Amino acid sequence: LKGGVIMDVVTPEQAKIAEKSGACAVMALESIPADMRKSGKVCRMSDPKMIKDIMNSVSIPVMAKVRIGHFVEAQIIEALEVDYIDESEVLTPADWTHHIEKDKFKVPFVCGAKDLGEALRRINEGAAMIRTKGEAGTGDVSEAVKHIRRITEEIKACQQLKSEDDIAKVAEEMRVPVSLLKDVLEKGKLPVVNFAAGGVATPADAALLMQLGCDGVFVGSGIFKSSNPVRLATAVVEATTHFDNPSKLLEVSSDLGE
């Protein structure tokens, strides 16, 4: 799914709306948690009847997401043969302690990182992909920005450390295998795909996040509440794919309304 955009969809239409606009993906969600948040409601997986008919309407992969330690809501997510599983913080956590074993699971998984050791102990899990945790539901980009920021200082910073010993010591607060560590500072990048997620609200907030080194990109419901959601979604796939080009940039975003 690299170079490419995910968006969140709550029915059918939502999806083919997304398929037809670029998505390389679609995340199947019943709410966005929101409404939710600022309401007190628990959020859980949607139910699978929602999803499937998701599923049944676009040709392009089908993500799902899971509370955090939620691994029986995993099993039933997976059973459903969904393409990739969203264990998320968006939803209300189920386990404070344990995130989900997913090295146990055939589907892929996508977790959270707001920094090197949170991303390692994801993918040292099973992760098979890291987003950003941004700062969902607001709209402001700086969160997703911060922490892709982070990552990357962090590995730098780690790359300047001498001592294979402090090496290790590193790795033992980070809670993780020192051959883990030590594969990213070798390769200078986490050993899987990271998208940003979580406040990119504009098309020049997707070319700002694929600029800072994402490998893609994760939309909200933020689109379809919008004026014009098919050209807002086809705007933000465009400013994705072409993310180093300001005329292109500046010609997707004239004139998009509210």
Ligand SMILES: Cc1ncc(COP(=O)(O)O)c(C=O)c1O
Second form
There are 6 protein chains.
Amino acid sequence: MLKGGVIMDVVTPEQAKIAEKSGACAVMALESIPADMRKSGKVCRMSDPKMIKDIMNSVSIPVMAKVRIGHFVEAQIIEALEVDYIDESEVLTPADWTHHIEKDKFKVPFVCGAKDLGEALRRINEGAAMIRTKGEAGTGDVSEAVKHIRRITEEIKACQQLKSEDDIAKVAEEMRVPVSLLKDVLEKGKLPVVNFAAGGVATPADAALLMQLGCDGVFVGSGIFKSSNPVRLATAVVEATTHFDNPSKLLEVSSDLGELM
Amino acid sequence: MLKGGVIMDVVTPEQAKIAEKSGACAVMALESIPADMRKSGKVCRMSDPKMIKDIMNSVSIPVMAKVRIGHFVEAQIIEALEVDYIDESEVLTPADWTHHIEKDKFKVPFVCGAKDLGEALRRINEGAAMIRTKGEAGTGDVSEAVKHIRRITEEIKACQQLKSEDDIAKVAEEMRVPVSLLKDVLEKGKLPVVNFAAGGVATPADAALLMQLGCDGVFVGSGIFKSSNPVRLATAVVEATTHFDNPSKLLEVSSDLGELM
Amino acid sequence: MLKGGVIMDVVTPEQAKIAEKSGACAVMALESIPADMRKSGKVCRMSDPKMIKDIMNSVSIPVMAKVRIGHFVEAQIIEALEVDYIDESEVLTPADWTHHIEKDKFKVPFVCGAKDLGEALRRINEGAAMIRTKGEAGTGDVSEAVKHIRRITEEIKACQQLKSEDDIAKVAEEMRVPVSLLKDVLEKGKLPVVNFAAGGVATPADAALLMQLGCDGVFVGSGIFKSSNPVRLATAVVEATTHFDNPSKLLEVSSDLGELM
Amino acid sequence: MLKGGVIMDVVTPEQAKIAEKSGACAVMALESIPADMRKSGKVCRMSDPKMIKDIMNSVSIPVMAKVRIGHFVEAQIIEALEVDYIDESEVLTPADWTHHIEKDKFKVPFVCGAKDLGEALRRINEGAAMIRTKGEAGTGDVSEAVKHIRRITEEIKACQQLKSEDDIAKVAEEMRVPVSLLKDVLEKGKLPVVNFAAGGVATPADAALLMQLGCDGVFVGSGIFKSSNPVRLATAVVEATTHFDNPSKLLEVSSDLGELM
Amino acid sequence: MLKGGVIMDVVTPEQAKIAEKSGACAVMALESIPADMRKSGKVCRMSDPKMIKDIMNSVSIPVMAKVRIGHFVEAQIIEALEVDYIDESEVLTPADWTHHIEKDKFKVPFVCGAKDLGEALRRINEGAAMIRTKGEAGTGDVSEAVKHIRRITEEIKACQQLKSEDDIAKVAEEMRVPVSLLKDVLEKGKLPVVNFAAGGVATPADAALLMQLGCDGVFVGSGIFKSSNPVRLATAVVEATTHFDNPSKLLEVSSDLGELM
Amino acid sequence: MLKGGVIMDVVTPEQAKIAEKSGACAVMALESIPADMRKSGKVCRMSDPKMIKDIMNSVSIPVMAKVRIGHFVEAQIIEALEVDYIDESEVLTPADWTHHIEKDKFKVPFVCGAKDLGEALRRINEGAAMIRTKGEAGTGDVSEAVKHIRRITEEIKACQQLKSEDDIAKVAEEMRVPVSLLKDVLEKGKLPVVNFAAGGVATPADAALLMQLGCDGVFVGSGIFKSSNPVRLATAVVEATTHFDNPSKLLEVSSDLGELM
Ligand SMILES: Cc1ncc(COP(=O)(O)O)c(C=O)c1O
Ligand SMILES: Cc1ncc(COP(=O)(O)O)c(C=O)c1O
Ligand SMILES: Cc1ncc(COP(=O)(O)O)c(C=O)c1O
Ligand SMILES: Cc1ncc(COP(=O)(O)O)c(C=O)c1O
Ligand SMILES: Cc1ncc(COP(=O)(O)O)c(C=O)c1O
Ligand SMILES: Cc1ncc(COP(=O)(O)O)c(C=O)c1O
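Show the form solved in complex with this ligand, please, because up to now only the form solved without this ligand has appeared in this conversation.
Okay, now the whole complex, with that chain kicking things off.
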């Protein structure tokens, strides 16, 4: 559905239109770039619903919004607003350092970040409909996202090497998830939900790299709109994500991209 | 009496009138924002009784005032002034690092902060009429308040898991409170007094979040009056605290709030 | 004699007159505020005898002067000057880090600071006629003074719990004082000399707080004269010290005090 | 082929022409000096293919381009561009902190850095066609490059001292390479591929020093073009690399070189 | 001879004349205040002999000069200059951190600093004709000098408590001095040479304090000449040193001294 | 040949002429004061051969030049230039942190620094023709040079105390030198080559001090030429080095030297 797509962060209706025209499969509405806020020491929260609504009114692709980790009231509000997806985001200032939102009590689907298999499974267990890497937001450095997708893949493989079901159960207990969840992953060799790349995806090559590592899609941040040519960069990232294993196409969209970050 | 209400910090009579009009159940008189003072290294004490009295004269809702931890003479003075409640506040510069005020020797009711069950019970044992979270004053970050309310709830539940009354008694001894106090809490599953949210409540969503977590009311700080639209923000926070489990109402009051913190 | 009184630091003859008019029981002559000097890294010594004499000539209440810890020659000079009391003061730069002055070889009475029971007893043993808390000079934070008076009281009570006279004697040896001194304190439940509050007394409430904690009088520093209304503040502190147990009187003198510290 | 040659970093077509005229055996195309970028905290990536192509069009010697460690999509793009060599470079911001590129799946040859024998063998095992020291890029300090070439030589000699084939196999396992690779190196006393000097080569003397230590060629950085006389310096470095064992020639090219770094 | 006298640091012939007129028993010639130099990180050495000679030519009291610890050539030079005393001074930058000068190979007498009994005895053993405290030069804080004179006195007394000659010999070995030296001290209850106070003597009271603690004389530094009234201060210090146990005289010279340090 | 002489650092032909006229036995050509460079973080290398040659052409005394530690190519170049001595200098930025130059493969004589006996012997073993202390270059503080000459002397004496030739051999092994080298030193009681003082020699007295400590000559740095009177200072240092045991001569040359460092 969003599979194979690019979700783009947008801070205005006009940015959302550019995203849509470029071929984004969805847009992530936010009033403020948390990266900048974060480096300011400011508290970053759910965006003003009126701003999210102005973005929803400007495009016909799905709209996502972020809430603070554990902030189930921000989520209730965003859900009442009828956004299509809620990102329970570590990029905003966490509201609860112990508990994430009980996502399975909502009707709107959530995406959650994960750095490893344990995290991914706990998030899924809590009700996440979609997982993404945590990467390193606002840095334009793809290596954190790469590290997370590699780690989840590696841990899955390592768990498949355990030949005892008791050992498996002990791993599940350590992860704080139902053994049946872990066992399903080990049989299928993959998470039961889509896993998107997010955080530090700066170039078309970065996007294609994460797709080739096995991501189902990519989130790109506000860097797109700080580049000297946002429409061209946005379009190139979408093309790279679509044609992620076509080197000549990747060469063609990467050429003459102009000034980035 | 204040249950389900919002108490607002005010530094002038005109701010108190705004609080009253907005639907605040009470006002907390202070001559100086301790948050700013604190970051200045200044010593923050009881406010000048004349400034408190000017606030008392300007509204008909109850008025609270702060005194330094352990400062029983500041409390005697505030009590003679006939304020309605005394907040023995960690936000002011502590006067005694060992002993809190013997609040049960006063006729005026006290509110005290607590970070966990032990602290809450010691403060109640000393005579506190009301408990509030300590949160993180002046930061606009709700996570400390959330952490405290969660911790008290968790410790209560954990203590309910003990079956040895000797174990209970050992916990009470470690907490330095009468076992009968601890036992009453374990039976009722809750503190014998109201517990308010305080410190870092910045948005209507924050206020509702703490009510849903089981708080009985909320304190909001001077951030209200630093916002670009104080009356609107104050009103929205009161509405959210009242209708804390009505998402469409929460959506409505959160929309177009203007610039905060 | 000085019991129940306020001693005020003064740096000029005119300040001494204000102190006297306000009802101070004595004045503490000093040419320089050691608090400011201290924060300058400067060495603070006995004041010039000429400045002290100019203060002695301007009032008819007793005059005190400070000497550096261990500086028995400064004390011999101040004694020859005929001041009424000598404060061997940790606020000045210590002259001897090992030995305090042999005060019992002087005719003029000394006051010494103490942070705990051991210190108080050694100072009394050396010949101090009066003890005062060490508080935290120049900070306007009363909590150090409170801590010292609480500590002395607590240690006395703890020693009263011992019932081996051998244990008592072991405590006296650790404190480096004659067992008869310690035993006298344990029987009477108090020091054999007056104990005054000093260091960080900034408000009338602070003064009364220390009296209620059991001090016999208070020293106040140069903060009085940095306030926007010195005469009013000085008078209020004297009144609070006199009527330290009268809340309505305390309320009355604390009101509309103006800008402090 | 490149053996005995100098490869020069160039950031424009005109710099590439100078390199070629000076006698460089190849040029390393990069849009930005990663040294400067690095000290800016910026992320350094593959250069824009258009800038690389403009350099390829300006000279007839081979052109190299860098990709981030582990970034196999950048490499696929550069390969499609038909550069002659790909430098998987630790000077750019690493994309994968765990896995290097699977170089043996490409047709274009790669050069990789190595600090010791283990690193060199793993890079060769992954498919590197050429090894170079990692030196210390942008510092003009030759000692890191010297350290690496010395270390590889020393480790080879130390391994040649082992006479248990089991011990050899244990070393290969620790290095994570096939024992046959390690054994080949121990028999021939050298790596199976050319080893170039790179990082911190600032003077003709530095270039010759590394050749005498056994390197097969040298990479020089953008320092060449920051000197007061680039053509002269570039020519001198090429001459020194060619006549690395001829002291009078080395003297002649080192003389009157002008202002460096 | 110098016993009971004040030696004053002087940096010019005119300062030396003031010292002489004031009643100084000797002058210490130095071209630069090492205190200021020290805080500048500068290396402080023997003063230019021409400057020392200009001072020797301006007064008829003895002149001293400083050399760096261990710098026996500076001493040979000063000796050839015919100064009356050489101060091997820790205030200058040490030339030898292991060995002091072999003073007994010179004809001119040396003064050396000591912080404790061991140091004093080693210096005497090396040939020092006179000992002084090290104090804390340029600080105007007398407490270091007090500490050293107290420590030497205490260690002497403690050694007199040893009733075994073997124990004594073990102490001497630890001190690295001949047992006969230590034994002479223990019998006489004092050092075999005069011990002067030096470092941080700022007031007449300070000078008299050190005399009453048992010093045989005092060194005062350049602080004298930075005071608002050098002649008056110099004269007062000499009088205090002469009449060190006459309190009314000490009172008289300490009065109206003007601005110090 | 240089024994009993002063070698002076010079940065221009005119400075070299001054050195020559002053009686320097040799000059040390360098284009830059490494002391200043060092404090700038800059990399300091062999000087441009053209600047060295211009100095060689301006005087008829021997000329030395520095090369980086381990930089045998810089040495080959300087050797081809026909300088008289090569200083393998820790003052320049080391090129090899593991290996010094194989100096016995050169025809030109080398001087090397040493801090202790082990270092001196390894440098002699490698082929050094002359040893010098390392001192502390550019500081004008003679104590490091003093420390090194003292340490070498002390270690020689300590080794002479060993009676076990096996013990000797064990020391040689720890030092990484042939036992015959160490044994020759122990018999002769001295190094088999001249040992010069270097680093921090600022005054004529310093120079004489090091000669009396047993040095065979002295290196002085660029401090000479920063003094207010270079010719006078240079001449005084040469005279002091020549007449290093004549106090009245030392007095005469030390007088009225003007402003140093
Ligand atoms: C950024 C971030 N990641 C992860 C978590 C929690 O993940 P988990 O509970 O699985 O350890 C939190 C909260 O502590 C968080 O703020
Ligand atoms: C912020 C704060 N919390 C708590 C306390 C004390 O709480 P308790 O006595 O339960 O440890 C203090 C001072 O004593 C305090 O300053
Ligand atoms: C401020 C102060 N209080 C107390 C002491 C001495 O107190 P006592 O010796 O009793 O520990 C000194 C320490 O040297 C001191 O300077
Ligand atoms: C610069 C650099 N060298 C080497 C490595 C990898 O080398 P190896 O895996 O062989 O240790 C990496 C580490 O992640 C690296 O970034
Ligand atoms: C200031 C100072 N005091 C003392 C010494 C040496 O004294 P002793 O050798 O007795 O330890 C030195 C040198 O180390 C010194 O510089
Ligand atoms: C200042 C300095 N001293 C000494 C050395 C090495 O001396 P050794 O090999 O004897 O340890 C080095 C570099 O290797 C150095 O930089």
